[PDB]
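**Q** Model the placement of chain A on the given structure of chain B, informed by the hints.
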Amino acid sequence: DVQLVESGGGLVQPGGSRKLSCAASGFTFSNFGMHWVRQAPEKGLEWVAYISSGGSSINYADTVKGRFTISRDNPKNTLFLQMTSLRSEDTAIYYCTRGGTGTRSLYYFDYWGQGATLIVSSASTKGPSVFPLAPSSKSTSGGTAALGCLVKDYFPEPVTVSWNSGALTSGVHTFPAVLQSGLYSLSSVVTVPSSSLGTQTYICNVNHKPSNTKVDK
Amino acid sequence: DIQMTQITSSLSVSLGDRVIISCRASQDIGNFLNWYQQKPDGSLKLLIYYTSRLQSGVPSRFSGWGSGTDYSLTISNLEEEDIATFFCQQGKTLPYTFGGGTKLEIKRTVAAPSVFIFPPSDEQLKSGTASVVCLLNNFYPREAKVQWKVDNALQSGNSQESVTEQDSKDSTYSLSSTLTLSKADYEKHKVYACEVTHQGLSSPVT
Numbered sequence: 001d002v003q004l005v006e007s008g009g010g011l012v013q014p015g016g017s018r019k020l021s022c023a024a025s026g027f028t029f030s031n032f033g034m035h036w037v038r039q040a041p042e043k044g045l046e047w048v049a050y051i052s053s054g055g056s057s058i059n060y061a062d063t064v065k066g067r068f069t070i071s072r073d074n075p076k077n078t079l080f081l082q083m084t085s086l087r088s089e090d091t092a093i094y095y096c097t098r099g100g101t102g103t104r105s106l107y108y109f110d111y112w113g114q115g116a117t118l119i120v121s122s123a124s125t126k127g128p129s130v131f132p133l134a135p136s137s138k139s140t141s142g143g144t145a146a147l148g149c150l151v152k153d154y155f156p157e158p159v160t161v162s163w164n165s166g167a168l169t170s171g172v173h174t175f176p177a178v179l180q181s182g183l184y185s186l187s188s189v190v191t192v193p194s195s196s197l198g199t200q201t202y203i204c205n206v207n208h209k210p211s212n213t214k215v216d217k
Numbered sequence: 001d002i003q004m005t006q007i008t009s010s011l012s013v014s015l016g017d018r019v020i021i022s023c024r025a026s027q028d029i030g031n032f033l034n035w036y037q038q039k040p041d042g043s044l045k046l047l048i049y050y051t052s053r054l055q056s057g058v059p060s061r062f063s064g065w066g067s068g069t070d071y072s073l074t075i076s077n078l079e080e081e082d083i084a085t086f087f088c089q090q091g092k093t094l095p096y097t098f099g100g101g102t103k104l105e106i107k108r109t110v111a112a113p114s115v116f117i118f119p120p121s122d123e124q125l126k127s128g129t130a131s132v133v134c135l136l137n138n139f140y141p142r143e144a145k146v147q148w149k150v151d152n153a154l155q156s157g158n159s160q161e162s163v164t165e166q167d168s169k170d171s172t173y174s175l176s177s178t179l180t181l182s183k184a185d186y187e188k189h190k191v192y193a194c195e196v197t198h199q200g201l202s203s204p205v206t
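Protein chains in written order, with the entry's author numbering: chain B, 1 to 217; chain A, 1 to 206.
In isolation and in its complexed conformation, chain A is listed as follows:
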């Protein structure tokens, strides 16, 4: 229970370049460090162990290097099958601790989100709840900033938002923030606005 730190949660990568994921122990674990991959379907596989030993059937493209607190995995020529998330753990002292993971995503050009606002309906307001939604469709990169404004007022804490994982063909994401209020709350205000701040234009949209 050496805290393992993987300082990078995402690496925007492009097929064929060289990817270096790093991991730092809080105490010396002197080479007892192993590396894993968790494919898009949750499956884990062990890549390297004892800092640099390749497990059978792991392509020689993977090399693990390390200095006592400091470790790294390098994928020399990145391939399609490597877009997954990688983890290091120390297998020296109880409890054997794992790091946070570094998820690789495919880099492409800044795609701007087509935004859509959808008001509540029939059945749900009959049920007395108002879910208002904002879909930001097919954009890239993943960082987008959605601010809900109800009658020009900044909503703090009602929104929940879901993101697609990077699309297999095309390399984009999509997001939905939902603003879930009540029928009284909803009928108490007249403008409902979805403000989106993305690197798509230096302008929000609504």
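If we strip away everything but chain B, and leave its shape as in the complex, we get:
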């Protein structure tokens, strides 16, 4: 089927360099210009760079100009993007997308890869501090209780929370991580009836594989 798999994302300090690559499958790569588009969440989708089928023409967005170089190896069916002097603002999800070849001089992206995440931050890998979020006996909504885990101060993303692998009042709500100054912070709350509290025990299981594994309550 037509596929595009990106490789190379990671954590990178300002100054650094990284080379992403995008393996084409399912089409004769040699006939399509390839582009690299990024989505830097908060902000939007942004076109980064273009190289034609067989690299005789290339174009760059003015913001990665000078610092990135897009290239390709058509016998290896591979497209590349080498990045240099990385700034905290080139943190994005990088998509390789194919130039369409339909309408003349219309530049559209007909097939997209799933993305390679690159983080440019001075911060270093740190497991979280987890802390309990506590309900009060016969809690806050009379007949129903709320308790949670604040997994604070880690880097990079992601952390993964669990509690009560089961049924009923597995009404877990794990909020998106928010970047504090430097490091991320999220909460996982579950809503259980007030009947539960003290009667039986709830544990939240945090895990972040740039280590730490913390299971508690």
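Bear in mind the hints are in silico, worked out from the structure with no lab data behind them. Check before you lean on any hint, since a few could be wrong.
Once the Cα atoms are required to be at most 20 Å apart in a straight line, the calculated SDA-like pairs of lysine to any residue come out as [claimed, not checked]:
1) A:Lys-92 to B:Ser-57
2) B:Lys-138 to A:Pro-119
3) A:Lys-183 to B:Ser-129
4) B:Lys-76 to B:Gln-3
5) A:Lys-107 to A:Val-163
6) A:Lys-45 to B:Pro-41
7) A:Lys-107 to A:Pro-141
8) B:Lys-43 to A:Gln-3
9) B:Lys-43 to A:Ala-84
10) B:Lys-19 to B:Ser-105
11) A:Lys-92 to B:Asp-110
12) B:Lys-126 to B:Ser-211
13) B:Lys-43 to A:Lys-107
14) A:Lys-45 to B:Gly-26
15) B:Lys-138 to A:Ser-114
16) A:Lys-145 to B:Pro-176
17) B:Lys-209 to B:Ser-124
18) A:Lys-190 to B:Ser-136
19) B:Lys-19 to B:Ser-129
20) A:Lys-183 to A:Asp-151
21) A:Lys-39 to B:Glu-46
22) A:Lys-45 to B:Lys-138
23) B:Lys-217 to A:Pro-119
24) A:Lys-188 to A:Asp-122
25) A:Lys-39 to B:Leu-168
26) B:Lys-126 to B:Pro-156
27) A:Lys-126 to B:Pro-132
**A** Below, chain A alone, put in the same frame as chain B:
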């Protein structure tokens, strides 16, 4: 680098009605406009190109219409699989620019937030930081207004708040504002209040 404007960031929609997302170019791009969808998992797909040409395997329910600066996508009978966010871009002149996106959310009835306040704990105050939280649970619509008051004083700029995306079963959201202070700062005050202003009742709650 024609600025693309998608004047609507959200459309509250209901399954089966007709949805019209629009996009305006700052310069004429004369038909070189394409439309994309980014599914809840980040995946993008191209729907229409050259203003109105359907890409293969895109259901005929999608039609792109346009007049020079002004473009639109219309989903005639909205289906479950279309709750995603849509983007237009001009593919005429360098850099090819994309618009902001229009995220569709499922409309349902005004659900009022059950609010919960949670004070800090042990370990973190030992660590000298006080994170106080306010969870607003399962409400709808998404606009809620949370004001933190510390000893009746209006906190400006300490809060951060996260929102769930609309729940797959049930169509509601949930939010947490956190007020992160220090141990000195925290021990310097005695009332900590979470005031919530939502269309759930014409009354805040605390």
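**Q** For A:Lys-190 and B:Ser-136, compute the direct alpha-carbon distance and say whether it is at most 20 Å.
**A** 18 Å, holds
**Q** Has the given pair, A:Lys-45 with B:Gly-26, been kept, meaning a C-alpha gap of at most 20 Å?
**A** 17 Å, holds
**Q** Regarding the pair B:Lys-43 and A:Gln-3, is the alpha-carbon distance no greater than 20 Å?
**A** Given pair B:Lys-43, A:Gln-3 holds - Cα atoms ~14 Å apart, limit 20 Å.
**Q** Hint check: A:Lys-92 vs B:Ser-57, CA-CA at most 20 Å. Holds or violated?
**A** 16 Å, holds
**Q** Given the hinted pair A:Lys-107 and A:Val-163, is their Cα-Cα distance within 20 Å?
**A** Between A:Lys-107 and A:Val-163 the Cα gap is close to 17 Å, so the pair holds against 20 Å.
**Q** Is B:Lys-43 within 20 Å of A:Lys-107, Cα to Cα?
**A** 26 Å, violated
**Q** Given the hinted pair A:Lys-45 and B:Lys-138, is their Cα-Cα distance within 20 Å?
**A** Violated, at about 49 Å.
**Q** Are A:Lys-45 and B:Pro-41 close enough, with their CA atoms no more than 20 Å apart?
**A** 18 Å, holds
**Q** Please work out if A:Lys-183 and A:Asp-151 have their alpha carbons no farther apart than 20 Å.
**A** 16 Å, holds
**Q** Quickly compare the C-alpha distance for B:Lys-138 and A:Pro-119 to 20 Å and report which way the hint goes.
**A** 16 Å, holds
**Q** Are B:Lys-76 and B:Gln-3 close enough, with their CA atoms no more than 20 Å apart?
**A** 14 Å, holds
**Q** What's the verdict on A:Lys-188 and A:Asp-122, does the C-alpha distance respect the 20 Å limit or exceed it?
**A** Given pair A:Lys-188, A:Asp-122 holds - Cα atoms ~17 Å apart, limit 20 Å.
Hint violations for this structure: numbers 10, 13, 19, 22 and 25, all remaining hints satisfied.
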